[PDB]
Amino acid sequence: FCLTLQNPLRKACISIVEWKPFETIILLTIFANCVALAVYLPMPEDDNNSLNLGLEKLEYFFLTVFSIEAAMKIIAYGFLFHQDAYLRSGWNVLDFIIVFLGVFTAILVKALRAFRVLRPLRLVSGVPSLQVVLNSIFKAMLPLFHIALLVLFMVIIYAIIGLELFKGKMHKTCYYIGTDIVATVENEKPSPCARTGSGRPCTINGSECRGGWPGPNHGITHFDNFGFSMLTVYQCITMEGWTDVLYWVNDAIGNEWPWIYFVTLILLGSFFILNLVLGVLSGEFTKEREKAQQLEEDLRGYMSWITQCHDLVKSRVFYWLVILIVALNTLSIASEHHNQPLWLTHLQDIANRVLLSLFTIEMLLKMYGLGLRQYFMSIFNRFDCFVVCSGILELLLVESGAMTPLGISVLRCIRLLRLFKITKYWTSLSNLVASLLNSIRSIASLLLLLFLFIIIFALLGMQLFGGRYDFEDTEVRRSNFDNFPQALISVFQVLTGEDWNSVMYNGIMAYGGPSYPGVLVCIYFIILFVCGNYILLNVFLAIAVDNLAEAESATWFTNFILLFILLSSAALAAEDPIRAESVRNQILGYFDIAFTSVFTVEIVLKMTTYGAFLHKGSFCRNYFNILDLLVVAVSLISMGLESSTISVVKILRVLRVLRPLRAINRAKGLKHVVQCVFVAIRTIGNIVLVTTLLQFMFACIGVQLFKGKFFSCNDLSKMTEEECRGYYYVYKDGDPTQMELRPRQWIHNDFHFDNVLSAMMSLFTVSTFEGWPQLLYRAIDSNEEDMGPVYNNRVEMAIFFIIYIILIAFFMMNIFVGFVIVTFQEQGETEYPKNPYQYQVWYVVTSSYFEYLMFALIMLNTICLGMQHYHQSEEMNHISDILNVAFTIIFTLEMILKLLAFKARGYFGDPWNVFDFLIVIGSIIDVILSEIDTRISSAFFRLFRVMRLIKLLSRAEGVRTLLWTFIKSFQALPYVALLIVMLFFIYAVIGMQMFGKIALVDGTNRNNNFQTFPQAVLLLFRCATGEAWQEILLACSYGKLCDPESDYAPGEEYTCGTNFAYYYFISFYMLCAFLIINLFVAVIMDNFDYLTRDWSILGXXXXXXXXXXXXXXXXXXXXXXXXXXXXXXXXXXXXXX
Amino acid sequence: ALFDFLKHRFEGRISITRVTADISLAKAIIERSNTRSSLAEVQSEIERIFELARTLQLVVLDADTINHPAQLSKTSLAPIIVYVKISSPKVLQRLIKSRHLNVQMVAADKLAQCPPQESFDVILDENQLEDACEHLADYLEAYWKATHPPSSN
Ligand SMILES: [Ca+2]
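Protein chains in written order, with my numbering: chain D, 3 to 1139; chain W, 198 to 350.
You may find that some hints are simply not true.
As the list claims (entries may be wrong) - Straight line, CA to CA, 20 Å or less: simulated DMTMM-like cross-link-like pairs of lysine to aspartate or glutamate:
no., chain 1, residue 1, chain 2, residue 2
1, D, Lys836, D, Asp912
2, D, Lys734, D, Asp1004
3, D, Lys316, W, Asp328
4, W, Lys282, D, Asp1004
To be verified - Pairwise CB distance ranges, derived in the manner of DEER restraints:
no., chain 1, residue 1, chain 2, residue 2, range
5, D, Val634, W, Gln310, 50 to 56 Å
6, W, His297, D, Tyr321, 32 to 38 Å
7, D, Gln376, W, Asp335, 53 to 59 Å
8, D, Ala979, W, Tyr280, 57 to 63 Å
9, W, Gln310, D, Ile1078, 32 to 38 Å
10, D, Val634, W, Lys342, 37 to 43 Å
11, D, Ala14, W, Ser295, 53 to 59 Å
12, D, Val315, W, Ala267, 40 to 46 Å
13, W, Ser295, D, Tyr321, 22 to 28 Å
14, D, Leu564, W, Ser349, 53 to 59 Å
15, D, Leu349, W, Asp335, 28 to 34 Å
16, W, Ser349, D, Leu695, 51 to 57 Å
17, D, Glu552, W, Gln310, 31 to 37 Å
Since the hints were derived computationally from the structure, they do not count as laboratory data. Where a beta carbon is used, it is the ideal one built from N, C-alpha and C, also for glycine.
Turn these sequences into a full structure, and let the hints steer you where they fit.
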């Protein structure tokens, strides 16, 4: 369309702009923007300023340049120019800058400075293909929208639910009373949620210290306003720190079932994020469903073919057979290094000079490899060097042929890198690894866009949070954007989803606490990882494609007895009986009574089962049984149960549950997913080996770089972990009038890198994405041997954690993809009347003009629920009563209206109506309960009043249907869930005594006690969530004294009552991991294996609309031609749609 | 290089020998070759093969004119043809250039046409000397096991 327009000089200047150079200029000056701003962030702290103070003009420089390009834009296409997206955003940013400094000139506030950070996107704006990338990412968001709302729906539904019971608890959380030693009773009148702390007391005063707040000291999380509940629901959805919400609420009445709420919430948020993964993978299958070098190799190899005293060495270029045998010998040489990489490393703090003469052996292996590279040099001279790998290995062996020089011990540490040469083996696996690395070339651009998002978000963050940064009292503050790298590590922090929470509660707390403008700051985090993790989720699809591209590439009488069906029936009654008995034994106290009859029962079942093994054994088993899983399972059932209680621990009663487990084999549905799993582990075992080898690599890295470190003192004020001795002040809060002595120092830092085994230890913890930044930070306090400190010493070390984490972002992410592909092939394997006045009222109601009306009524009820502020004092409460009365009357009235219809079918027919009837019932009942108020359960009834919202979902057509897909999906996978229970149900009991009697205290073991079985179910449930388990693990290595009221032991105490048992948690995380993997594949096969196809159909065909066409078919009969004529109108209408 | 491998490996067994006569020529005016390779000399070389094979030693001919397996089809010799494959003509282009190329292309493309299942017993498509020599050597060891049953001695 353009505007105004003019010839003359304008066309010439535009022709100049049609050239080339200007592009590079604008781009590079944008780069100048990026750099200058990245510096500009350093620092801030309100006023002061330093070097940036001159840059302050320079942004005006960029301004005027860009503005000159705007003068060029005048020559562009005006209104026609607006149509371009990149040009649109560019013009936008231009307006932000013009308005920016244009406001600034009058100033001769900080929001303008925030608007400064908009610039970097222009870097994308100048770059081709990134537009293709982002145009791709936008497409991804659509086939997800429903579920997002569903999340929001839960986020609302739970909120309103939280806006009841938890709002009823909002009456609790907002207040407290207490005194004396922090021993006030929990959850029994006059009780309250406590601040975390290593002690907790909260001076207020309120007698001797108060005792309960969490709306601000814990930060916002309080359920009072609907908004804050929406917040706490976000973080609880994040599967991060939420359990603290639980122990808080539970601290104050009570252990009823808050857990039902948090468990349903966790499990569902889980369910549907898994569904998100399903949507993404569905996009993968969508693109791939239609989507589904030898020449040069022949060239190089045949040139090598024609290519074919020193001449004896030329004979040695091919000779001889020994060169094969020598490879076996070579396996020894690297093996000597395989220990040496540890042996030169082991131990730590100068302990054990294991490399007493190992250096000579290193010189010897260096001599052998040098002899090999030398003979290879004799083999073909320069042609041997033509291959880069040969000269590389030769340069490595020569590097080992060097010397102790020099001062950079990391060069000595490169010997660990020399160990990589041992990875040369493993035939064909390297090719698969090449297939893996090949994907990186594809995903790298998107990774760069991720780097960009990281960049903009980081800078803006720096100019926001760190743009104030300051927070008087009282450490550790951790990362808080005080400097650009700091913001890097912290953005990357919350990006992991690790403990972002505390960051955020430094965030809102930074702006003077919650109010009205400051709380808005929260939005950033909500903008952030919710999109940021989303960006990560987006990354999956890339791999999802690339990886699939690779995929695209008179004994007879007893025989009558055991085989008898009646014997199996007595075995069935025995099954129900033994199950009832073991379930009776599920409580810890059951053994205290007469459990012996149950032992006789389990003995009978073990007898019949071992007899079944005896029956199968006589019929061509043995070696077949050695091959077959089942008969081997029964024979192993025979031998393992026979293991003595003496010598190596065992407990036969725990095996009593196992005897009926064989019946699970009779189910076939589990066998498909299971066969899929056994097919899966074989499919990607090499990757697992690669990961473990990475564990070795980073192990060797950390050990010969950190071993002297971490032997921390208290605090930094001691440095030398030997200079440490005696007491040490601790000032509570900040005031230098509240001293408390402590026999402090030293500290083992929980996870030494003194040992490569310990390296496997801690490195696994960071592998969990759980608790690492603490380890990171203290790693940054490192220096020399026995010393910590300080602040931000040795920042370069921080680079390392990230690097490894980045690799975790690869293969782990690959792992989950792998399963899916087999399943995708597995799915392919799976593919292999009315009358009188009633006639009048029915006509009026059936018209469903009321539908929009009733809908509006419901939404207004929603807003009435939004009214729920529990500040002070009354007035509005009575109004709320009146409102609830209003809606309940309107609704019950409406149900009466519907009652005035089919009646015999209106009371049922279509099921939701019945549900509505339920609603009316609970509504009226609760109302009467309100009348009787002139009682605690009435809250649980008001829940029913909240349940009305679901009716909105009833109106949510082409959305609830997806939930119906979830419903049809729901059944088949449930069989696995029993094992999902059983995996706990075993280990819990298996732990229930072992880790039992660990004493309640205040460690990681208080309201989170291991005591009764159900609580054990919880403490093993946290581990499922990746919720700070390692601390709990740390508690269990030696623990405390008994339950400090139990049988204890004797005079013995001294926390001696617990001992090493890392294996339990460690193994359990993995078992839980694999079991959950099974949960993935189960959900997938039972749903998206159909449901993704359902997305493909609903997005294109009309299989779903056809049901609506049948609904049109309802308004008819059953023939004949007259029915065809009456339906001809609706038919002629339908086909157009 | 191939005969070098076959010789140093199959030492004491293999009996490689050159054949100046064109054995493919071997099968009331008497037949006579118009070629310098007289048919009677060919008969003499065939008898030399009949004598050389009598010792039950391995034999690997180095015939010059036999560019294609089909030529030996009429022979009573029943040769063990070997096929040193180069599937890509461009590769052999660059090979011969790396040191008459066009007729070499028609010939190599011709040998590419042939049915591997019958026309050839072994395909030396391997690029490196080591693996290809391992294959052909394992093959000749297989034939060696085939021709020498334990009962014979
Ligand atoms: Ca976590």
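Results of checking the hints against the structure:
For a cut-off of 20 Å, the pair hint linking D/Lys836 to D/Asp912 stands: about 17 Å separates their Cα positions. In summary, the hint linking D/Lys734 to D/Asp1004 is supported, as the alpha carbons are separated by about 18 Å, within the 20 Å threshold. Only pairs whose Cα atoms come within 20 Å are accepted, and D/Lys316 paired with W/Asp328 is accepted, the gap being roughly 19 Å. Taking the CA atoms of W/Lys282 and D/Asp1004, the gap is about 76 Å. The hint is violated against a cut of 20 Å.
D/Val634 and W/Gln310 have their C-beta atoms about 55 Å apart, which keeps the hinted 50 to 56 Å range intact. For W/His297 and D/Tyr321, the hinted distance range of 32 to 38 Å is satisfied, since their beta carbons lie about 34 Å from each other. Judged by the Cβ atoms, the range 53 to 59 Å given for D/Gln376 and W/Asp335 is violated: they are separated by roughly 32 Å. Between D/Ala979 and W/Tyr280 the C-beta distance comes to about 60 Å, which sits within the given range of 57 to 63 Å.
A C-beta distance of roughly 57 Å is found between W/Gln310 and D/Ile1078, which places it outside the suggested range of 32 to 38 Å. Remark: the range hint 37 to 43 Å for D/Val634 to W/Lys342 is upheld by a beta-carbon distance near 39 Å. In this structure, D/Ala14 and W/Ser295 meet the distance hint of 53 to 59 Å, their C-beta atoms being roughly 56 Å apart. Between D/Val315 and W/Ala267 the Cβ separation comes to about 43 Å, which falls inside the hinted range of 40 to 46 Å.
A beta carbon spacing of about 26 Å between W/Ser295 and D/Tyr321 agrees with the range 22 to 28 Å that was offered as a hint. Range check, D/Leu564 to W/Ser349: about 57 Å between beta-carbon atoms, so the 53 to 59 Å window is met. For the hinted restraint 28 to 34 Å between D/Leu349 and W/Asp335, the CB-CB distance of approximately 51 Å leaves it violated. In this structure the supplied range 51 to 57 Å holds for W/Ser349 paired with D/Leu695, their Cβ-Cβ distance being about 54 Å.
Remark: the range hint 31 to 37 Å for D/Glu552 to W/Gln310 is upheld by a beta-carbon distance near 34 Å.
In summary, the numbered hints that this structure violates are 4, 7, 9, 15.
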